[PDB]
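**Student:** Read off the chains here:
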Amino acid sequence: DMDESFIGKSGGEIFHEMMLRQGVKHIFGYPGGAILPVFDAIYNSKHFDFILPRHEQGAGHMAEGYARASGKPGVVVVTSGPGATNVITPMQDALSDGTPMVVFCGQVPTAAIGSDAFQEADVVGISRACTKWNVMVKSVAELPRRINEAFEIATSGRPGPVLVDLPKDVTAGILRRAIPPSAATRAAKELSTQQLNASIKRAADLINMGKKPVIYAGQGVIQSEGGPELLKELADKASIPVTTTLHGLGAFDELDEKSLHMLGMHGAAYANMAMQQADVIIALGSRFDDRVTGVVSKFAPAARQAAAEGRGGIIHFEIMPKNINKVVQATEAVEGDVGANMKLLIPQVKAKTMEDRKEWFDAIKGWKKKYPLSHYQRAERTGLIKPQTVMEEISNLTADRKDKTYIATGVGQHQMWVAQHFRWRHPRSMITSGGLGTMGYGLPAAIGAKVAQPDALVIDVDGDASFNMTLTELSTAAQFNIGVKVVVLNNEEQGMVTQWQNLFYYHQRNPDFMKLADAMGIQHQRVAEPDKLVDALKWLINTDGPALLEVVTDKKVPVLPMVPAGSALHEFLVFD
Amino acid sequence: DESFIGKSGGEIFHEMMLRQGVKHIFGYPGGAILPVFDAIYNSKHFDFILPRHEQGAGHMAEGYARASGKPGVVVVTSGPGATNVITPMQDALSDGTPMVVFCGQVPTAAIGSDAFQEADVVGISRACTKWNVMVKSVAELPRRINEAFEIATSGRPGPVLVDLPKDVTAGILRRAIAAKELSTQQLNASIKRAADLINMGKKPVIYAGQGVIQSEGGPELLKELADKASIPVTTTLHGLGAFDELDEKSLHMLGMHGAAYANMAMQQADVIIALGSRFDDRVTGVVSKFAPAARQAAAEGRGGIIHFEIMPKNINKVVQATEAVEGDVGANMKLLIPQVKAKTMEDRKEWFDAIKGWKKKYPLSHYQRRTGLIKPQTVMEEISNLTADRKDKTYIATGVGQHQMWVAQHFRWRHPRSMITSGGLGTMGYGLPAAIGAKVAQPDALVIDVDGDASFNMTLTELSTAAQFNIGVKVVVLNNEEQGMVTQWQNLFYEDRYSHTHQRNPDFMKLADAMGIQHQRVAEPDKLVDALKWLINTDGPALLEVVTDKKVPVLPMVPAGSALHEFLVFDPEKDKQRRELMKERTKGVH
Ligand SMILES: Cc1cc2nc3c(=O)[nH]c(=O)nc-3n(C[C@H](O)[C@H](O)[C@H](O)COP(=O)(O)OP(=O)(O)OC[C@H]3O[C@@H](n4cnc5c(N)ncnc54)[C@H](O)[C@@H]3O)c2cc1C
Ligand SMILES: Cc1cc2nc3c(=O)[nH]c(=O)nc-3n(C[C@H](O)[C@H](O)[C@H](O)COP(=O)(O)OP(=O)(O)OC[C@H]3O[C@@H](n4cnc5c(N)ncnc54)[C@H](O)[C@@H]3O)c2cc1C
Ligand SMILES: Cc1ncc(Cn2c(C)c(CCOP(=O)(O)OP(=O)(O)O)sc2=O)c(N)n1
Ligand SMILES: Cc1ncc(Cn2c(C)c(CCOP(=O)(O)OP(=O)(O)O)sc2=O)c(N)n1
Ligand SMILES: CCC/C=C/C=C/C(=O)[C@@H]1C(=O)[C@H](C[C@@](O)(C(=O)O)C(C)C)N(C)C1=O
Ligand SMILES: [Mg+2]
Ligand SMILES: [Mg+2]
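Residue numbers (the deposited numbering), protein chains in the order written: chain B, 80 to 259, 268 to 592, 596, 600 to 669; chain A, 82 to 258, 274 to 465, 468 to 688.
Okay, the calculated beta carbon distance ranges per label pair:
#1 A:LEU99 - B:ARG468: 48 to 58 Å
#2 B:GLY236 - A:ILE192: 15 to 25 Å
#3 B:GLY204 - A:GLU664: 32 to 42 Å
#4 B:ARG255 - A:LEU471: 44 to 54 Å
#5 A:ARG398 - B:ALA190: 29 to 39 Å
#6 B:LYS452 - A:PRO188: 37 to 47 Å
#7 A:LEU679 - B:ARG256: 35 to 45 Å
#8 A:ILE192 - B:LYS648: 32 to 42 Å
#9 A:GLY313 - B:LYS151: 57 to 67 Å
#10 B:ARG255 - A:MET441: 50 to 60 Å
Derived by calculation from the structure, the hints in this document are not laboratory data.
Note that the Cβ used here is the ideal one computed from N, Cα and C, for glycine as well.
Could you build all of it, start to finish, from the sequences and the hints given here?
**Tutor:** This is how it looks when you write it as structure tokens:
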């Protein structure tokens, strides 16, 4: 069957109509020459709100935070050439962290491609390696199909960024024509179904054998329909302790007695202890990246010994086949959506009580007593604010509304401190750049997050160097009155790299953040005395509209515990 | 050979910088590049500039390379460090700026595993570099640094990217490291043929671009040719400064926002001598209607298009050259001039009388000027006036948009490399970072960033870099509260439907105050001259905000679909009824 409703509409007008059909309600973008047919067509549209950032890197990272906070794909519209290349970093960022994004960019007319035309770049060639799929739309008649293909690809499997190049003749032009089982299919499907059920049955047998089980949950659980609920059901039924990755934070309730909190190079000592001695590791929507495993050959020794002896090992619930057996050899690989497959797993996992796991949870509670996160060096009343305490007091101050609190971060020491010291209870509350780790992410991601969740508290916990990268987007929050709260940790150092240069081998001076925030039209306060911190934070989270709070912290504060390079996950250095 | 044994890849890098004459490095640390960073940071052999954003690092390296003819050197970490340099890289590829981007990478054993901060950077940056390579072993490090500097500076210069895996730069080095030129006969034959074309030309025009400024001895030779044969000279945007715009033969800039008289001359010339330029679509208008008089001449055998070009892929890409002269334009101009016959201005009275008549008919000074709000063209005219005694030590970097065309049109360019601007990619945000790198390259010169507000908003965080390092650039921010160039396009083509082309703007006085940078704001026509006098006479970084008139069109304009001679010109009556129809639609808002 064929669609006639586009006949006589420009490509720009068709685009505006496809945003309607795709449920898009917010677009982030910046105009220019090649994309003008599309901007003219979304001119004053009542069908979605349009955020104009300062820089189209702002637009991309806002689209990521929007996606992180809502589960919907962030949509970006930029011009050809430098408008497209300015989104390359957010694209690689989204690909690394599985964030769904559709990036639409102008392109010179199809006839001009290859001529080195004004504002021409081989954007499909540049962006291939940093998108999950991309395409140049070559005729207004294929435009609605390509837009669909793009939205579906971004949002399925492991989500990811997709780039659609829109030549100016495609969007300024006028469409003039209408546009659009098996026996072997049933046998292929049953062959896949048998393979999946057998995998889940063996996964359950392994879990049922295990005397020291652990769930290693990641972002995939949060990105799965019903994932957190199913995870809770599984952890409760079999009384299994649960650790998350940085991106899995909030997938499990960190006030539950079974919570091990975050594992990894900067994770809880007890989470790492648990993973190093578990005999069954159940990896749910996580990818064994190197910040988590440490030296891979030393990762999970007891799980490997168990697999070796037929009495356990490593179970891996993964939707993307390329990520199965990439880094760690799974004893049992359960392919596909972790929500759907946990639904089939749980009724075959036998129930176990806490009392059944007394020895395991006694070891875990021992490690928690010995290595509590809350033990670090606190400020003397005449010193500067400790950064860990900033995170603790933000968590205390939001404890009664964690279901509507979104934390976005920069990259560095502060990103690890909030992971460690804020208590995570809400899925999608952690909005942070993990795989690529892009300083500058925090403020624009927080802005997009607040756009997606206008009724939530959204805080950008941002180190000063990171915040210096994209601080121009404060104008975006001010122009549009997007009520993000910004906490700038001013220590005048690139804390994470000076931590590395102090362990393995040295520091910039900041603008005046009160004057700057004044220049940008943002409510602002400064705070350096420990006794004043809590009240400063109460002011920030109760302001109306966008606000910023500078927290003068001291320098050379360690991130502990840390698993240094060359060490195993159990070879962490904690505070003494 | 054998001299580098025992040293780490970082130390080896450190020395290849010495052997390449690198005195200035722009960069930003990370884990994967720390071996290189430990090496060269703290060294007394280099000035290391640490910006806020690696994009700043790249544009800085571009402006440094524009003002100095030396390659800009960038050192960043893997992943987000390298991807943040992709726009500077594309921008440099499009404008032929020599640049060597060194970026950290994960250890070679970790590549392809989605390791921490890993990207396929050679894959991402292949399409936007001249060439790129991943260094696979300490031993190939010297050879690859050499090749990279060689490619970035040869032919048409451009950016190269070198991927440095962390184990290559931490590892220790333990090893050691017939023809017949009938081509000369043919080059010489075609230089002679080109001279015969110039000598027979009755209406010659030199169309000069950036390749002249990029060729050693290029401007000197361009002036000798133009003087000897009395040939009028027009330049592209990047060519501004290759020829003295105060010379009576100067036609100024051609193209979509070129002088009407330069465009006229190109369309009526019978011999177009194209020196180190590439027939950009911002230059030619509709190509089929470009250079009718020279195509007509070429057919009849009495003229045509001479193209002096170093990159073969760029000859005959857009326009058929009647006579192509491949190679360096300066070296080839040394061989051309002795074969060209001297002619005085008077020998060419008829041609220069046509040009003079075009100049009276369409002077660049005829724009709406009574003294309520400041007009952006006057700002550019006064900068030209106030630096007239020092144009040879004056460097202008710009953003992208109306202000960039206005300074192209209304500043009188006289110094090679004085025009520092993004023309090929056209990257808003280029100005301030490029001005910072230029002033690093020319510490004793006066360096000005003529920036529109939207452009400036893109990268204004680099004001901290000028403050921290005390890099004395002078910033002129034209405050019109709009994406001026795009509102023109929407006014022209879209019935004043101003779709998302207006932005708030921070308080620039407070912003400059916040960054520790001396600052003034001017809004009155009477005070403009004193404002700019204060700015150019400060010490260290400074910023001036000029509040200007809104909705000011850039004229003349050759709009889309027009031949180079079919331009629009300023009409006082159309302008006051353009503002009036704009007010009914926008319902009193504009
Ligand atoms: C300075 C710094 C320090 C860091 N330190 C740590 C640290 O100590 N600990 C830590 O954990 N991280 C740390 N990180 C973050 C780290 O680099 C990774 O980004 C993070 O570990 C990835 O977590 P993840 O595997 O849950 O998420 P992702 O990287 O998004 O992987 C999720 C996996 O789930 C799969 N998936 C998605 N949807 C589904 C579905 N429906 N069903 C099944 N599978 C699905 C995906 O395909 C993928 O394989 C740090 C980052 C930085 C910048
Ligand atoms: C908003 C906007 C408006 C613009 N409007 C105009 C306009 O009106 N007019 C205009 O002219 N431009 C304009 N531009 C700039 C334009 O798009 C191009 O960037 C510019 O015209 C290119 O100038 P060029 O050919 O001199 O330099 P390049 O693009 O750098 O080309 C130089 C050429 O010289 C060759 N070359 C290099 N070195 C040598 C050598 N040693 N010997 C021989 N050949 C050599 C190169 O290979 C290349 O072919 C505009 C840009 C923007 C953003
Ligand atoms: C865009 C970019 N460039 C460089 C890096 C390398 N890098 C750098 C320079 C870090 C220091 C972050 O400093 P900060 O002020 O933002 O936060 P802390 O002081 O709390 O560490 S952390 C890190 O991974 C990066 N992650 N991202
Ligand atoms: C990075 C980027 N984004 C978008 C564009 C598209 N674009 C835009 C948005 C222009 C308006 C520039 O406004 P300005 O304030 O910087 O200067 P004017 O008001 O004088 O035009 S000009 C132009 O080419 C671009 N060139 N570069
Ligand atoms: C390539 C980047 C540089 C861009 C410069 C700006 C160009 C333009 O702005 C116009 C424009 O945008 C109209 C389109 C159209 O919609 C119109 O109504 O006028 C029409 C085809 C229906 N064209 C064809 C242009 O070149
Ligand atoms: Mg810091
Ligand atoms: Mg402007």
